[PDB]
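Below you will find one chain, with nothing else, as structure tokens; this is the form deposited in one PDB entry, and questions on how it binds or moves follow later.
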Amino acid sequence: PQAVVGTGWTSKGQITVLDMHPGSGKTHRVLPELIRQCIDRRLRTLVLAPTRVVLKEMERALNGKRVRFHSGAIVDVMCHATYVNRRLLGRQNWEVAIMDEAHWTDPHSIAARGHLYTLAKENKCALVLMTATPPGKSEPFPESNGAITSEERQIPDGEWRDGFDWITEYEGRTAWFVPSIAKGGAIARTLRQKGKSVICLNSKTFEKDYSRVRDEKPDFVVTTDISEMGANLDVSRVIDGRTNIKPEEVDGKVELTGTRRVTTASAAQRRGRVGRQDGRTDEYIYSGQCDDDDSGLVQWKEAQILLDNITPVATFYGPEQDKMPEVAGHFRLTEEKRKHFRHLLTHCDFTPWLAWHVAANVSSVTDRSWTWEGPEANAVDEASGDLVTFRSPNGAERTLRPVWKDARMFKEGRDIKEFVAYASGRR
């Protein structure tokens, strides 16, 4: 059991980074020991899971302990997002905070470790960050429970016919990381045409399909970064193009153009899907280098948006603090507008970026004219190339043309149809 958590780790102001390689037992071994200690010492304790799947991991890992799981117990377990979103309103307090997967660059995750770091720094609580890749450390090839042979090869970027026999002549199960759902679909179509069984994991398919992997044992799992954390794919090979889709504010809009190179922490998680078992050798096949400079991504603005509205002078976790795009408190809203912000996040599935721009600028919680009164360049097109139309309750035909344009609302795991429900005032 890691050295720095024998005792004194639970002391107000203590920040414990556990740099623990993948498969090393952060979730199923170390966490139950930290909770057993916290409960014996009667310390009110917060546990933060990135995702529902890691939360369900924790429910098994903390089976037979007095713990309350959130969607007469002093340990609260919830998702990073749940914590931050609740703090946007009679807030609860804990004196120990344990964050699992504390590398995650989801804006709720950056915001939560920022708030907890700030509290720690003011002696309000003790903080434990657990991850294979602490923020600041640049290490794509961390340690494994078993050997991984890592090799650079050219990897197909879409459909292919000949020239990559090593993909289909492999005898074990593979996980192939792809930068988008669309790129995922084209890889999966080719693999199935080559007679392979394939399950696609992404935000649209996960809750139905993740549990199928264990059972069906497909030749391939074609997955986005959704599988970077707490996903057990039980594969012997990862194929990793080392790309991701990059949400970025460009000329006042959020775009999803093109690909960025992954961060070391992402490459490590992707490689981390294999080498989980000693006495087995697994493969990690990759293409090209990593890039730890993700400062231009909208996630940092979205993290500050969330952090400024859940708060001394609050900062990001120290290593990430260079990436706060504005002076602390810049994005704080009035109470009344934070209420609107929280509604749009929790009930309308808005990005933090869009929810902030709407709540800061719009007169009423009932106004929808912002969805059609944007500049002509912001008009949203259907697949067939026609501009999306819908009807306000008075029967007026509108073209979807939002003042604030976030491409994430109209592709890659969200549908135009759900935004139209909101724009037409059905919400």
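Only residues modelled in both forms are compared. Here, rigid core means the biggest group of C-alpha atoms that superpose within 1.5 Å across both forms. Positions refer to the first chain, counted from 1. What changes on going to the form deposited in another entry:
Among the candidates 207, 122, 278, 291, the CA atom that moves 2 angstroms or more between these two forms after core superposition belongs to 207 alone.
Regions where at least three consecutive shared residues each shift by 2 Å or more at the C-alpha between these two forms, after core superposition, span 63-66, 203-209.
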Second form
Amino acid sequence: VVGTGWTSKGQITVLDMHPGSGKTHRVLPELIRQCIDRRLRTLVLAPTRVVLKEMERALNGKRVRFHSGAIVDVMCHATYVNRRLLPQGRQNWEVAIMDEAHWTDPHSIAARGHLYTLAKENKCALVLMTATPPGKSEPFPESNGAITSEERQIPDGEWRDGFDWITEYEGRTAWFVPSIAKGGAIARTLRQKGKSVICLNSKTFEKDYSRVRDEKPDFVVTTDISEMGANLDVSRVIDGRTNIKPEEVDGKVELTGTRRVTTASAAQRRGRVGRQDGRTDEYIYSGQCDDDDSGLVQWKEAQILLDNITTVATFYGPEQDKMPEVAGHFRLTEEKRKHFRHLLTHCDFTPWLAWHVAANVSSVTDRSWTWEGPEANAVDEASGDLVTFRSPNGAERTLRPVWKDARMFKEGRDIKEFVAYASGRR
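Having looked at the form deposited in one PDB entry, could you now put up the form deposited in another entry?
This part shows the chain on its own.
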């Protein structure tokens, strides 16, 4: 598609080839062959470990280093951002290639934002590879094989009858769901109808991707995690086109209700099928898309990260409209950024929560923030009693944090791990 000079400082090349085009398995190994030939220092950003592992098989290259005397470094989107949180490492590359570059994960937004910023200042060349570049997006893009798309009502939880087309189907299905909890209700119903199911989400995906290929379940019930390069080997997608909606409301992060997926997400979920020439696959969907995701906390988290990996940076191109504050707003001091980093990489904190804690709390060892918040911030077990725990001096605390992020207590995180932190054990 691009001959040469794509590696010239300040060249931003968007590889918006349709899904299954060969971006990951064909195009990428060719771009690395070139970069090694012309002896250019190259960074390749994969979205997840699964994709990273699959690049590691595709690239038996003697000048390639995989992160967890070679001139090509391959790491995850998150690894690149997280290392730049130490003013210490901050190694440089002339060529950056970012795979699955549509991802709205705050680390991905931040990464492509930083890289865009460098290339706009001619410190490097940037390749973004994705079926659905930020900007204009189409819900039914081209595929390697035909897809029959049809709108039908889709169950939003358990069901008994009237959706026989679900169970009567003869091949393997991927069913996208907005949340782990909704996932659990769909899965339980399918199993009661004698179908095999594997669930995939933020929690299970790095571990359980592999089982799909190995076990060939009737159904994969998956969150939006499978939108960044998973090959589920299915002939049908069911897609209610909803997503969970993490949003900062009244100084707290809430996880209630759903939003409609962006057109990019709808495209990517459809994109799990239609990957093979000479077979028709189905995409069953309900309702329409909504590209205005500007309300989500992800933009603010992206700025938190971007503001702390620069020393004026923007998000990539169109996404700049969605940066919630003026660049730099979230920049921490060096000492506080260290605390921030530790909370992210060692305590599993969301960037939102890690920033509030790091910016506001006196010392790295204080835990009293986790019990001194307003009463309305107290965290309940699903059995309705408020969570309690013991500080090291044996004092009984009610978990009641100053900064309340609903993500720390469900959707793939457990109260138990936050209690470990709050009680000073971690």
